[PDB]
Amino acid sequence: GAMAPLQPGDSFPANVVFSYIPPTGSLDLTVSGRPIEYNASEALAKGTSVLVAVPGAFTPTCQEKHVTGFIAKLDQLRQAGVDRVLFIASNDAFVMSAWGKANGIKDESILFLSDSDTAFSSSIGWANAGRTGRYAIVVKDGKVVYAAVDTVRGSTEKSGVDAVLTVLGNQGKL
């Protein structure tokens, strides 16, 4: 789309929304919830945000390596100044909510949201055939600091937690 590609120095695009079921402190997978709209453009205009897209909830690489790496380093991400971590995929809000609960996330440390119809991912050119790509975006006070996509199957070289922590460290405010 017109936003494609996102590059450092760009503002995060306007009018970006995701659908999600807010966490409640409970990990009960049989409580489905009720989706609401998350205004990502407003949220990302203040503070430091990490936005990670994965091709699919509950799929092997996304589960076994990608999301678990971020979960293991949530203390380091917080100490590096990250105010919010967002995981998106094309799966609907109900599936994304179950995926976060399956990974033990009961609070706002990581939100799990749906990029409905890959609207956002397609706008920045990183979607295919109904699924988002695997990518990571770091934003600070509305400004894209980092945006990279993993095109190699099974790799998190560019969108994994280590790449994000490296970017944060190069900002010079540790």
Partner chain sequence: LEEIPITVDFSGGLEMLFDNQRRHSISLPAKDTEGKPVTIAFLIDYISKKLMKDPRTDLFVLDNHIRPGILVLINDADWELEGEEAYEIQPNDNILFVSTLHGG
Contents of the next structure:
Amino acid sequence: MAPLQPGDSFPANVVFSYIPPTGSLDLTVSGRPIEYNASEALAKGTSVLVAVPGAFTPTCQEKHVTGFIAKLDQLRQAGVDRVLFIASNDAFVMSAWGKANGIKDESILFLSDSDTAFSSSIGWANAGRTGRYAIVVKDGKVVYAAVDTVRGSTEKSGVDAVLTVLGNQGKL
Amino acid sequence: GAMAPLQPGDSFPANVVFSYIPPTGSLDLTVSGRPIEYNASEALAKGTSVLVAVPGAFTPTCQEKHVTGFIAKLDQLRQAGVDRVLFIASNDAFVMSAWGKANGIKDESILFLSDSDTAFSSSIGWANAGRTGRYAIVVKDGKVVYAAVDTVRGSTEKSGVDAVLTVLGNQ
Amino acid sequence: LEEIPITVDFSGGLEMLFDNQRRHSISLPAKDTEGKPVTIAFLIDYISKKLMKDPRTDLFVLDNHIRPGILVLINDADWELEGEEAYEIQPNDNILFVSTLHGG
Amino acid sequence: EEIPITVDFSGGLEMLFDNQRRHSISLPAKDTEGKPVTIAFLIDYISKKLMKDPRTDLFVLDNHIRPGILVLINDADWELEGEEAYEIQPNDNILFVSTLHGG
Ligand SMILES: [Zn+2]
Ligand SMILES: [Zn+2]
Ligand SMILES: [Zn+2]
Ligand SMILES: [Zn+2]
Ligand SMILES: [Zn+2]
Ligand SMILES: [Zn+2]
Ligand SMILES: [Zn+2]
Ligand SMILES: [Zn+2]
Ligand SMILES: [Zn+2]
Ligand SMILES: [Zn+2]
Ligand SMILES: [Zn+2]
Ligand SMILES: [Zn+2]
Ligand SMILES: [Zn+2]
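Alternative state: the form deposited with the partner chain bound, after the form solved without the partner chain:
Below: every chain and molecule of the assembly, starting with the one above.
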């Protein structure tokens, strides 16, 4: 374990479990979880990876993911190629959380950091839950990695923090 | 921890508590309530109860078979004398509340609670790797009358609604 | 050319927009830019431009109006009972903004 | 003439037959009606002449095979080769597997 910092290469062998979106908003119909190779996907283009302590919880819901959902158009305009939301919750719960927020497509993906394996390796996990952090990546290299330690804060991991750091770069 | 099978004729264990969000009448999954404690030991101490445990909320068998069966036959469970239906899982109280809403449950007909860290389920021997087993416990004025677990994945033969109804009609 | 003194409170996570300081003292112009008695609408506007220490203004004011999900209590009274945004502020009023949304 | 086949019992069904999976049996190629032997006749034959457990509930229920038993004809689900009507042919294997899955 060591803190992941800007200028670092995003770690290798980072995989998440997730149910690819089918276009449905039906919470009662589960798909089939598969593997997502985050290291490979982030290797080209600009990526935004956000972790939340818990799906369906108040702040994680009413502030953090809502804020990103409200400004996809701004994120797209900024050149962001993919937005990922992870948590310790299993791939079924994460998929239902995405549906509950009206996400039917790949605009935001909802994946599981099983056993907080990735989050623990970068030092931002505790007691079976991921921390509240946000990583921005550009062609494999980390450009931003901050965790919100203050209870209820989204200052460092929220959408606006990601938009500002993006404005200091140019690519799609 | 300590483990002792929970078997018919036993007193339901004391100090059994779950974490849950009381139903407010809303079906909005984006607005979450406030979890509180549910004293299962006290609630089950009077009247007929049906405590059903599931491995995982929002999973296929747990969803498409088990809970749907109990929801489909609440009228039949009410007519049989059941005063309360509890559904528990290792999922936290927020996820459980969202699961109940996703099934259209806005009232107390079925409560959706969390067996935190499988504390209760592990104490009766029906949990593993941070998830509860698939079991059902019928209780009547504090005393257990039926406690069976489904071992094979996909099976709801012992913990399903029809098992519970059959057990209730034999008294 | 007289002023009105008041105290404003921020709670429910709104305090995080003001470096976590809940209570603030403000002396307002008793008359606004059109010479009418100053109101809560003027206050909300003032707070968003002169008091916030966080750059995320949409967390408090959206489209020139207070963000939804914020209760406004005037001396412990819901501003819907006293007239919202049109209530003429009185001296030593206490105005409490509290977010019903968890966190910010 | 008679016709030779092999029937297999798994998934717990074997316990109804001295805990024996495989059995070789020779059927009459024709029924009482005189029509070619079918799986339905076979199932009825097993329940009355091969089960060692008296509870026939456990294999056949009301003249048909109990639910929750897969029937494979030469390793093919009998839904693809005709159900209870497949005309039995020589050296045909019929596999009965009881499963709690699929509920
Ligand atoms: Zn480093
Ligand atoms: Zn549905
Ligand atoms: Zn979960
Ligand atoms: Zn709350
Ligand atoms: Zn009663
Ligand atoms: Zn500060
Ligand atoms: Zn101040
Ligand atoms: Zn007060
Ligand atoms: Zn109102
Ligand atoms: Zn009044
Ligand atoms: Zn109005
Ligand atoms: Zn106050
Ligand atoms: Zn039949």
